[PDB]
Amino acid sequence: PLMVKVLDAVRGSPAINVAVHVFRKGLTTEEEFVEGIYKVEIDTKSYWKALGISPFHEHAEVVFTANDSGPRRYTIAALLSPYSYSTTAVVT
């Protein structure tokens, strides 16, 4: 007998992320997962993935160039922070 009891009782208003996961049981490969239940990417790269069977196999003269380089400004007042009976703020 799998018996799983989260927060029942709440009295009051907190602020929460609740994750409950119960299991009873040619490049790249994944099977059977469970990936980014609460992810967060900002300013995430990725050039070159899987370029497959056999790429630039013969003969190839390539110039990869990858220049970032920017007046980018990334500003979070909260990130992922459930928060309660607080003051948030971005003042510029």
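Residue numbers count along the first chain shown, from 1. Take the two forms, superpose them, and find the largest set of C-alpha atoms that agree within 1.5 Å; that set is the rigid core. Compared with the form deposited in another entry:
- Once the cores line up, the CA of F56 ends up 2 angstroms or more apart between the two forms.
- Taking 2 Å as the criterion, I37 does not count as shifted between the two forms: its C-alpha moves by less than this amount when the rigid core is aligned.
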Second form
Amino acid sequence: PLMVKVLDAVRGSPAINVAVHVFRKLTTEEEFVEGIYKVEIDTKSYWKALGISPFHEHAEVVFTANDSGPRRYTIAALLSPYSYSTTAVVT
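Let me have the form deposited in another entry next, following on from the form deposited in one PDB entry.
FYI, this one's just the chain on its own, none of its partners or other molecules.
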């Protein structure tokens, strides 16, 4: 016998975030789960898994990468509930 119980009775006005998981029993992947409440903001990638036999004989390659510039990011509340409160962003 397997039982799980959460939050039987509630009187009032809360804020909640619930998650429940139960498990009973060149690249390979099997039987996985990814991304329950997942956040990604800025991510970069250049070269990945070109192939079996690239650039075998007598190759000449030049590789250069530049990253610059004016950028801004602004966030007030992230992944956090609130009740009976005040939030403001003023510029």
